[PDB]
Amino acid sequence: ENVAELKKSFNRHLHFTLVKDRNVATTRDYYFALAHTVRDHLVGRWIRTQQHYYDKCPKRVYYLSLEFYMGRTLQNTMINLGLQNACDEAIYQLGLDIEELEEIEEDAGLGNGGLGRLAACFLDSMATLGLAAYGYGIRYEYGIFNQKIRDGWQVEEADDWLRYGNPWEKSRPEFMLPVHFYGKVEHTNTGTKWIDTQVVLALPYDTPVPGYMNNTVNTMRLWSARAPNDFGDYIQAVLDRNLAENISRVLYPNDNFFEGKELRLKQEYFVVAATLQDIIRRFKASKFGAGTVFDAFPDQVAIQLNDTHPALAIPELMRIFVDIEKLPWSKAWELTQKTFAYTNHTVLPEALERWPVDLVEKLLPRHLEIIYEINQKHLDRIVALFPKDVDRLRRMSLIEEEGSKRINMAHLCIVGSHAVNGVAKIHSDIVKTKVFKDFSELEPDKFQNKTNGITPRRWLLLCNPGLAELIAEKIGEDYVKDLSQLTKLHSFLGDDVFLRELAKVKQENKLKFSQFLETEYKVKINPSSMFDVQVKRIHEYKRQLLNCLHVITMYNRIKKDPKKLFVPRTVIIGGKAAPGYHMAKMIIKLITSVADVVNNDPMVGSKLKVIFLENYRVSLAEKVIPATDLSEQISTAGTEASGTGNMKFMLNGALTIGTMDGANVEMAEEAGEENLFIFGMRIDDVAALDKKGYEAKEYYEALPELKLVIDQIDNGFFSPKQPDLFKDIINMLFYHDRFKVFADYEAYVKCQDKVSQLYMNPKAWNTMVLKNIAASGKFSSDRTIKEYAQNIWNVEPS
């Protein structure tokens, strides 16, 4: 019924909004016109949803994050509004390729990976469960960089996703706010005043987050920096306005790594000031002793801290409460802890934020004083409980007195939050009992666990219509808003017809994605090959290297015995490297050197193909994932706090090869360990090896197939023009590898062999896939948000 109206609406927009006609209209014009057509169906419910929150005043959730890895919005919006099939019909009748139009949209890559993607999935889940949630972030003019491979190496290009404009955002001018920087503190008899500061304006841009088929559309408020107006040399002054606006210019491209750069600190405070102000504003403009207001603040507001990035929010709330609202420290401190909650995402020391006191002193002087306060009161408590353990004092202080006095933002988060959480059982256990044992001892109840999740809308209905259709056609639609209902799929473990249909879906995905790989890359894809893929950011801990040592091992075997039955494979590895990460870039170069050697060897032919999937990102993850057979999740045990990509492959029909790390463990729990290809060392095994001391050359000497791979890389087999090109990798691998690459090699290759074995038996392979898919339920972000809402936010879904 809306087909004819959608068509008229589309024409209305191409004309009035794009000022074009079917003859001089670009593909982009059609994209824009469709986006506007679809976007219009959001306004009604968006105005309504927000109006409902004002009248019913339910407790609000504020997901404060420096990242929001959103991807494209069009298709995602069409599906959550039950409009995709109608729009597809509309665009078809107009003679246009709906798929061709969706590809015009630029990804909103305002994230690095995992962390920023958890925020996006959470927004979609909170809207679906009907919660009064808001996401607050920074509207980076440039998100994570577009990645190119030139001469084998990664090259970074600016991701100006806003060049042609973003129809999915609406500037909210009336809500602009000032943010302060530098200045000095002046204590007076009127309270404390922070003066002589530089002001920067925050202009919020709202984006709607449609819940899946439930009339609600929430808000994602992203802030952008702007120079204020008040107050030769004139030109430069106008140009210098770029400095203030530089605060929200680029997203820092570091995954699990702390770079103590001033501009980054400015961003963290930036989003924190604007957000808290806006939140205090909404609270006061709502229906909810001289000071009879803020007492109810904790029962109306819940601010979730995504990692330690917005940690400044705690002392910032104390600054407003004490300096501006004039509350006693006691009361403010009380309300602060009842308001904030912290989520930890890593145990890697290089990923922990420790800002130098010097930097914070000249940038946020009033906040350094507040952190000292919090700390002193914090240590006074510790002393009154353990007056002799002096070592306990420095281990719990928010200030690392060592060499360069820094602020342990993590510790700041634990005291200013009533709840701290990990993102996976094993991870939260380590966060609770190991990393912050001194804190958990004192506040056992504080530390919790909330296993991560992914939204089945974007990661099933959207990216895999075929698989979704298959499922709904056997157990209903219910599984969408209750992924747990996927267990019903166990009734078909014997049905051979269902297994052929399962395989067919995966097949259509592989063929549709192979064409993507042939119009982009040189190589020719073996459609019957097994799709072995590893896609995620490039880290030594995620160990794309281990996988790389495997491809070379497979290569060597084929050349050695060029007639032995080899189960063909299309090994796909992808992910971006942080510009300043040298080993990660060397690793990317390695991978592309091998590929070039494997794909052009006539003796190997269709047996083994290697592809470095370029510019891995959200919209691209939606193409490759539904098309994979084997998922690589091989990080060293204890390095991955959880992982979500592992969850994405599981719901989409891929088997998993990986260690007992992060969420992999819980995946084994749900599907049955035997139903996953688990291998290598586990927690304790890594511990026992660090005690004894790691000596890599012994595995090099005790493992034949390994020695050749390593010799080949080091002698120049994969880089004749530069014989010692990978010397750095070899040196790290032999005397500085803290991720035990060689230590898992044998268990890995042995595991991989089992994988190929099973692949030759489609009946059994697909049987394991069903068991995996049927056990994916737990890993839905809806389940995750329910636990957050019930055990941390104290809010009710819907």
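Think of the rigid core as the biggest set of C-alphas that the two forms share within 1.5 Å after superposition. Positions refer to the first chain, counted from 1. Compared with the form deposited in another entry:
Comparing C-alpha positions between the two forms after a rigid core fit, one residue in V199, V390, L493, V155 moves 2 angstroms or more. It is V390.
Core-aligned CA deviation for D478 between the two forms: less than 2 Å.
Comparing the forms between the two forms on their rigid core, the Cα displacement of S528 stays under 2 Å.
Relative to the superposed core, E100 undergoes a C-alpha shift smaller than 2 Å between the two forms.
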Contents of the next structure:
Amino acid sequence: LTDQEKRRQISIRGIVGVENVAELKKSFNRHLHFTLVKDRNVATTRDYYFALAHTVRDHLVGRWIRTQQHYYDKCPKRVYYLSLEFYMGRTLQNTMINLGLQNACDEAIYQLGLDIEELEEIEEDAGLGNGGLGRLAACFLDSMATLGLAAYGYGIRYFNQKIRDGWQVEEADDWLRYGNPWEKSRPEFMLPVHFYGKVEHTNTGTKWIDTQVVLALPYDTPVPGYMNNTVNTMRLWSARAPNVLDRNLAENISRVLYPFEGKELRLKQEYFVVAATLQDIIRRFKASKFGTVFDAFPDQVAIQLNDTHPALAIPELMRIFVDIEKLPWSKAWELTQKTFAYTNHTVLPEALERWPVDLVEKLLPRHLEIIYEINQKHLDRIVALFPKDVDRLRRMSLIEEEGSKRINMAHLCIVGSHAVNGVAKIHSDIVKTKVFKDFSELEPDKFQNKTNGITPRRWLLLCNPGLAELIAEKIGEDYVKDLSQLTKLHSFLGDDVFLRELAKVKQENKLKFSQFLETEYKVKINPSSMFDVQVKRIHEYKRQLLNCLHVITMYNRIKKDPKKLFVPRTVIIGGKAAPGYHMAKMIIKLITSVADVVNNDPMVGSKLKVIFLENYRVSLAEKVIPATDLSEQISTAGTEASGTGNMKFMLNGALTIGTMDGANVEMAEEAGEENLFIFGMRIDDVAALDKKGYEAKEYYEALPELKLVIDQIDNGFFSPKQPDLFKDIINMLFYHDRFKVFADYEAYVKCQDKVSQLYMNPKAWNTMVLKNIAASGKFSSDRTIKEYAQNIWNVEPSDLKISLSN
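Coords for the form deposited in another entry, given the form deposited in one PDB entry:
No partners, no molecules, just the chain.
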């Protein structure tokens, strides 16, 4: 008996769902010996981490198998998140947290006589991010899995900041010298991507010929939802040479993110992601369990364009439909616009992608044609509605026809998407009312806001188990999948007991992070000190230099009368500066030398410490963030759209000091201004000071203490061996400081003094903090996703624990 139900023996029936200790030790031993081809006598700590990661993967995959099985079966509309970069951090713990295996693994690994913490620290950060964008993608991928959406993450598959002589010194990030156990290569799903060549017009549709081919290799990484047994995918592509000296012009496409031919190489990078991706989707949807097959394309596919990097998806989808599936250009266009939605992240108007036609022309000729065609019909519709206005015309035109005419990628994205959104109320308003005024005026509804958010898993359960364990006891464990549940904590604004545990939790995380700075940067760390952190990328606009000014200023208050009640302060400033950014590299040395002084002079002792947090990255943010008291979100008004970091710090018991811009604004709304340290010029206050004109002249003198530091710095005080070294900051401070530092030097320096004041009264602090913590549930990246699903993708969230046994 028994036939080709013999093939039904090929199952995970008895190899999925058994998550006990015996089983975990047994898998661990299988991997360390069989997968790794090692033994207890030859295995380094790295060998053990791997064996443990593999042990965890198996469970992740088990659910990924059932998950994909559910999607094929239910045939849900699918979401595709298209981003150049994905800031993933480390995988292990996160996976153990989401699958609920932390505890068994803890014990499994104790029994084998290994320190799980040691293993967990061997993992390098997946170099797939460089900013807040790659990190927004990563929260979304988490929230989509958790929210039960059939999402996918499409991007590329590619940096160690080190300090030396107080200077930043870039160094290579070999994140894959030993491999990535988390990812799987699908060579069997490779795809050819084409560059260059030419287009041949025939009666049997247009053809692109004589092209240079680059292969696109998919690497899959499982993305686990939180405890619903749901597991999504992040497919990242690598480039390969098909079979003279160009057998690397492929590799280049994938070797560094944010790299003339350095502009070009970026273009090929963007197209490579876009072509491979679209082909992949089309392939997946042609295989769905489900005239014309594509008629339903937009009801089964939603593609999200994170910024203008993958703006080629529009003409590329059109190229596929018309030249390949061969449908009418007008049908393909309706399928297109309904597929795509565009997310604008840049406040800027002078920072949008714009490629020169002559370039798009050589590399992607069939695409330029398609683009010119989208345009004509585009303007053609405009001329209809507004006959005279020849200005609205050339304005709204996808192409900037001038010197060497350029294509406006941002415009292409808008015409080709059914929905455009911003990431904060005021930001989304500028995008609609100003930046793309013309566009909004036309199809007004097309525009909208989706306030950024942050994942409660990585940024609380994982990093701050102290805080989580605490909250849990008071308001149960529903805040995890519903962060607006944190409100219920206000019911403790009185519980003086509570605030005790609370600040205690902050001390513990604050104490641990201490053992770290000492063991790392080797400097006595004042565990009682008020940890004040500013960890944004190193740039002019982000200030930091303004904090430094406040770094030194506090350094004098302890020198001009060394016995006046001063609130102890450990100041942390971390971040990276582009290897080409001359200025910031200087602000980096500046902060270093300054630190040296304020640290070694024994007069200040355990009063104030300065620390440059080297190699700021996801995993580091995970160390600092929980142990921070004051969050430094102080960037000049009208420069920040959102501010993800702002939110991790408010979620974890830190308190915020900053301006009325970006995320601070919506934070004020939920907590209240009183519960936030606002200050400095409002966007309007600056909206005037420019007309008046600005010269650091005034502020310098009138502001005594300013003169101090201001000169201290220049007078070679912090730079003895080269006092004239920072003589480059002063010139672009007085003269060309496009960011008005001094102008706020007032509000700031004083502002802080109210902090030292609130800090001195513990009770005042903790009551305020709890007010910040119980108003952070709105900035959950789950709520941000719910929104996207309703008003954009038209897909519904699910709380269906996928079944392991079926």
